[PDB]
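The chains shown are only part of the set, and none of them has been moved.
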Amino acid sequence: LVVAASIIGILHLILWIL
Amino acid sequence: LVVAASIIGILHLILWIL
């Protein structure tokens, strides 16, 4: 769960900045 | 907490995409 949340949170957070 | 956050984060993230 931490590995998946880390991947989705990273890419998910980047998309918000864009 | 991880199990609940994982369920809410998954469904919660899906709702945003829609």
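Residue numbering begins at 1 within each chain, and the chains themselves are lettered A and B in the order written.
The criterion applied here is as follows: a contact is a pair of C-beta atoms (placed from the backbone, for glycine too) under 8 Å apart; a residue touches a chain by one contact, two chains touch by 3 or more.
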Original post:
How many copies of the chain make up the whole complex, given that 2 are shown?
Top reply: 4
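Methods note: only the chains that are shown with their structure count from here on.
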Original post:
How many angstrom between the C-alpha centroids of chain B and chain A?
Top reply: 12
**OP:** Sort out for me which residues of chain A touch chain B in the complex.
**Re:** 1-2, 5, 8, 12
Original post:
If you look only at chain B, which of its residues touch chain A in the complex?
Top reply: 2-3, 5-6, 9, 13
